[PDB]
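Report on the structure given below.
Omission of a single protein chain aside, the complex is shown with its protein chains in their original locations.
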Amino acid sequence: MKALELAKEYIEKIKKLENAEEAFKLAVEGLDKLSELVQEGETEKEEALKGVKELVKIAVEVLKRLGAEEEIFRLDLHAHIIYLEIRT
Amino acid sequence: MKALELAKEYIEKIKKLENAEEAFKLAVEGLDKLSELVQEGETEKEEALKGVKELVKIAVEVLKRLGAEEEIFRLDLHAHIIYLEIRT
Amino acid sequence: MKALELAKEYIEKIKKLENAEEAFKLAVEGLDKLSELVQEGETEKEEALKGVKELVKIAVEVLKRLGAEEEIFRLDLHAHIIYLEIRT
Partner (left out) sequence: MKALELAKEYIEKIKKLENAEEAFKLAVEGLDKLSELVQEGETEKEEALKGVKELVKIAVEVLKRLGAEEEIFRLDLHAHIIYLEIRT
């Protein structure tokens, strides 16, 4: 279950953070790697979508702790583009 | 008619606002939830598209009252990505 | 030929400008209306794509006159999203 383990790893990493550029960088990276996972054919679409949603939830929570509103909208936009990218 | 009722609720909320980050946050949230509505299979595409257009119209009107041009373009971009997201 | 006439009208409007927020606003509006043209079924995809390209060329030229680099990238991104929006 590569998608859920990647989401797991990235959620773990991100929860530790008290910097917002750092957490944003990591969230977008995790989303990139979630999309890369599907493109190579190594997990089904539904699994990647689940991972994206869980990672994004955690990342947006952290960002809201640090008050990083701009970054929150930026990650949501990227999440929506990533979401489109996965469904072919 | 879940889409129109969600658009209705969000239009109602947003019209009350005199803050631009608040109205922007709410518009994008409503658009997220409009897209989420379809993904679960709980309303047809045409209905969600209508809701997105009506919500976006109201939100952009409010934002123009408060002079929030940056946010206006940001919501339009998100509206277009959401629109793509709905049509599979 | 609704697409080319809309592009024509908007190119005409935009060439007159010496403000960059104004020209950007108008370019994005023209692109919105170009996409709206297709959605209603009132011109073929190829025609709208042509109009988008010509309008975007003119708008980016004007913006470069005024040195509005941020807006240029923003219009290009919106142009690419609009382009995706048209091809279903």
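In this document, chain identifiers A, B and C correspond to the written order of the chains, with residue numbering beginning at 1 in each.
We adopt the following convention: contacts are C-beta pairs under 8 Å (C-beta built on N, C-alpha and C of every residue); 3 or more make two chains touch, one makes a residue touch a chain.
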Visible contact partners (per top-of-document touch definition) of the missing chain: A, C
Based on the whole complex, identify which of A:5, A:9, A:12 or A:32 touches the chain you can't see. A:32
List the chain C residues touching the unshown chain? 69, 73, 76-77, 80-81, 83-84, 87
Extract the touching residues of chain A with respect to the undisplayed chain. 21, 24-25, 28, 32, 35, 74, 77-78, 81-82, 84-85, 88
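Here, only the chains that are shown with their structure count from here on.
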Which of line, ring, star, complete and other names the graph you get from chains that touch? line
Averaging over Cα atoms per chain, report the distance between chain A and chain C in Å. 32
Note the residues in chain C that touch 2 or more other chains, in rising order. none
